[PDB]
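Okay, here we've got a single chain as structure tokens, the form deposited in one PDB entry, with questions on binding and movement later.
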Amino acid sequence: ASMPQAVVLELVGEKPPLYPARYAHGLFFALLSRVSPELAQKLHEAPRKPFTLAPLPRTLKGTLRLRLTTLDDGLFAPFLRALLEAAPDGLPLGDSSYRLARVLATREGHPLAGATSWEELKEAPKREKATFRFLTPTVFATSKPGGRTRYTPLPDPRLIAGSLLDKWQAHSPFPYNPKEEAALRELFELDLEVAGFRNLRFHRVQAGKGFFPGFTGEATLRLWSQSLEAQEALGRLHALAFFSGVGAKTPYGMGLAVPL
């Protein structure tokens, strides 16, 4: 209903989108604004957006699979409307139209789709360790004093957690109070460590108009704090990843993380 969700769309068309990540971004806003141009404009401007847009990796040429997550309540409905209204004439990526061959909103329909209530997410079993699968290049913006554009394309436990928290606070109905948030970032930069990782890989990808370095693979974060407040906070964020994504550029295909 007004729950976070993930859906996957097969866009079967004649040729591969020249810039799937980018064109998918356009398709989204074009769609979303057919219905409500205020939502489009206001959303567009937001520094923190409650949605992700990711061409899934690894299909046939001419076909594209888009994962769309949403955190807001008012985002899904207009999209659904535009989609239903849009679908019959095909959805346009760039200068071609693709046929909505499939819509996979069911967990059983695709392992990367489904929904959950904020209450479920929030009542996630507490964790002392959390593994993530980063399916598409994941990068953090680690900028510095001066005009210093800098990137961290590796699974820094602090930054991972940092994003999932920043994201939670921004888009969650049950946000922590400043004290708790402070006592979380603290317990993170104190008791978080890299328990391990599999199939790490470094990439340079066009995330929209530009190219960014990112990593993929799996990483396990461990938390030495027995402090129960921090433990179940990890549980919440670990679940949230499935919908919020991780780090920077989630609207452009990057940061597709998945809780293991």
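Heads up, when I say rigid core I mean the largest set of C-alphas that superpose within 1.5 Å between the two forms. Positions refer to the first chain, counted from 1. What changes on going to the form deposited in another entry:
- Only one of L27, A219, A230, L192 has its C-alpha shifted by 2 Å or more between the two forms once the core is superposed, and that residue is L27.
- Annotation: Cα of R201 displaced by less than 2 Å between the two forms, core superposition.
- Comparing the forms between the two forms, the C-alpha position of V12 differs by 2 angstroms or more, with the core used for superposition.
- Annotation: Cα of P78 displaced by at least 2 Å between the two forms, core superposition.
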The other form holds:
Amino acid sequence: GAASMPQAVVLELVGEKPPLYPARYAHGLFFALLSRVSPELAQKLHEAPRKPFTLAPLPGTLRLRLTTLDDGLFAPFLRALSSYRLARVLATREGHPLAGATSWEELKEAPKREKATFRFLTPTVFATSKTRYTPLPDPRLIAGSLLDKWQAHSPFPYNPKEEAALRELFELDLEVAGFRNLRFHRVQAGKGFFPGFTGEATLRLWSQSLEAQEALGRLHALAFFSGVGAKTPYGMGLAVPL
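If the one shown is the form deposited in one PDB entry, what is the structure of the form deposited in another entry?
Chain alone follows, minus partners and molecules.
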């Protein structure tokens, strides 16, 4: 088919009599709509440990944001489109600021940055195998997670030496320059519960380094689609570049 690329859409649900703590119901519903047309396709996903997507409720109307780094997978579904019914599918920025698509080429075209600010809309956490969970805006973990996602999914990965150079630059010269409205959360992400933070955080390069700045710009742009950290398929790590 045509070239795959990252995409985000916002599903607008309106409920006549909504439950008490609606966000929790994100999973049950997404599948319901998905299963309504194609019970079959819903199955592989509920079953799969291969989750090639992020799904998170936004903070009577409930908005569920879905993103993927591969266009192709949810295209048919997008074509198809309690007391919650589906009022709108917003697949454009015009429809919703958190919806839209961007090519990998465009992401690569992203302007270089000395500083990069992120708004973490849903609890965000980092998983390190020892599994340790870090619910803090560690600059190295934020950038490293984004770089992991880029290398895993981009058609334009950095080569090993570029990658290692970037990681060492991050380790050496990337600081958290500030944070705002930081809050601790503990939420269900799949079967278990995990700690995470929300709020805003700003990363800064101590360094003047073109390579690093360009990388930072690209990774900052990627976050809109990829999210940050662990459990992104389960509503966690929704991170908007500012």
